[PDB]
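Visitor: Now for the letters of each chain:
There are 2 protein chains.
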Amino acid sequence: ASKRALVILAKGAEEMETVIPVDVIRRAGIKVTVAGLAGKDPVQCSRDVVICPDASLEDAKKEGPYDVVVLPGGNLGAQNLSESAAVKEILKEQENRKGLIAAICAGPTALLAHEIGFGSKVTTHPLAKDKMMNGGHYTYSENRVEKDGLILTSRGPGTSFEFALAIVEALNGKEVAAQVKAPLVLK
Amino acid sequence: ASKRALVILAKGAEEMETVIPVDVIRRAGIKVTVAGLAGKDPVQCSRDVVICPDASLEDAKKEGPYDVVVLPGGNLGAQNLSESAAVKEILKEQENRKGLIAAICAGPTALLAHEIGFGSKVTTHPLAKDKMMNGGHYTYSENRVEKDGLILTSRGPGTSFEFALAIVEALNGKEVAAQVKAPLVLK
Numbered sequence: 002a003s004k005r006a007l008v009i010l011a012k013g014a015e016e017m018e019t020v021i022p023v024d025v026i027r028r029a030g031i032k033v034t035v036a037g038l039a040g041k042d043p044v045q046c047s048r049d050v051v052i053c054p055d056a057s058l059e060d061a062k063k064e065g066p067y068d069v070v071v072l073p074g075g076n077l078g079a080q081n082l083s084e085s086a087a088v089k090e091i092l093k094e095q096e097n098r099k100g101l102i103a104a105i106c107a108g109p110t111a112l113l114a115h116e117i118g119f120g121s122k123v124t125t126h127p128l129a130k131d132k133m134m135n136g137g138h139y140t141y142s143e144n145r146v147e148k149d150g151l152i153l154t155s156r157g158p159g160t161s162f163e164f165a166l167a168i169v170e171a172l173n174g175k176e177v178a179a180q181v182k183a184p185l186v187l188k
Numbered sequence: 002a003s004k005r006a007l008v009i010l011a012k013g014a015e016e017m018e019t020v021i022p023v024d025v026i027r028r029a030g031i032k033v034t035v036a037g038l039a040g041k042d043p044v045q046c047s048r049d050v051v052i053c054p055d056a057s058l059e060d061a062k063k064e065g066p067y068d069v070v071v072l073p074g075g076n077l078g079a080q081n082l083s084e085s086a087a088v089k090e091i092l093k094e095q096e097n098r099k100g101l102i103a104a105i106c107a108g109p110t111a112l113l114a115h116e117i118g119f120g121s122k123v124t125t126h127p128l129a130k131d132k133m134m135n136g137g138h139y140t141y142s143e144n145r146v147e148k149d150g151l152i153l154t155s156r157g158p159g160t161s162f163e164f165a166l167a168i169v170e171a172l173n174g175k176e177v178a179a180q181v182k183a184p185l186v187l188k
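Each protein sequence line maps, in turn, to chains A and A'. A prime marks a further copy of an entry chain. 2 is the number of the first residue of the first sequence in PDB author numbering; add one for each residue after it. 2 is the number of the first residue of the second sequence in PDB author numbering; add one for each residue after it.
No false leads were slipped in.
Chain copies aren't distinguished; within one or between two, either way the pair holds.
Derived SDA-like pairs: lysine to any residue, alpha-carbon spacing no greater than 25 Å straight-line:
1) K188 - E170
2) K182 - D49
3) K41 - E94
4) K188 - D131
5) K175 - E143
6) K175 - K188
7) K132 - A87
8) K130 - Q80
9) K132 - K188
10) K12 - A56
11) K32 - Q45
Calculated from the structure, these hints are not laboratory results.
Using the sequences provided together with the hints, build the complete structure.
Guide: Pasting the structure below:
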């Protein structure tokens, strides 16, 4: 039985931070659903790459629960995730069932908006730190990937492979992560 | 006047190797056209990410010439590039006008198919070396990015940022590449 990942894709998402995790998680044999926040229609990402989601978020939620919920970054995509009641509900449910939540770059600021994971050690993009830390609800880290139990965060486009492989390791183990890593030609 | 990049997107392309260069080159202020080999329709990449191109290749060629032509990898995407007479013509024209050609992972094997850049030092993904080297028409390198004048090659998903920044440096200079690099949180 394979594990399953939900990647929530909003307008203005960082496309690298969306595609690198989708691709690497699929390389691990984990089922990934790319779910469009707004509906089934194509999504215009932050640098104008247009990605067609697999399903609407409304429909994807009906097929869960998922072993991980992944939030890409991009400032505007993270704000759209932060403003969504649908996202609030999915994250609350995932937290309540003790499932993994992973967010990168500005993505962790949607955890703040939805009051998810307070008391965890987290990282973000440097430029998103102040937003994430408003109120002191998390403990900040400069690690390129941070994991404090079921809240897994990372910093930017250039940490996306590390982020994705950390997700793979958390769900499928260190050996699978190592096997997936080698053909990527990481340094 | 900004420089311009053509990224040719075929079915089976490696989506990370497509999106990372598009995004990073756009961050450099270079105009990028994502051109669909088959037409204007969405493209199903190697790990099932679906990307909507900006234009068909037929239409994009009408708006050139471009300061760089970029060939993503992915075995099946590279084979589709290798089989295309339209791609042959674009690459031949680009070579004839002394314009940069950049290819990553399996992408350089389309240079072999179209007889482009023989005598250059090149790299590829390790698993694409034998195909690239059939006939000894290139000199192989294990550098993560190789550039021998106007032929710029790289190895895999994990070298895509380095590849893209090398393209940026070749077109816009080292200072712009450094400015674009810092916010990415590369190691």
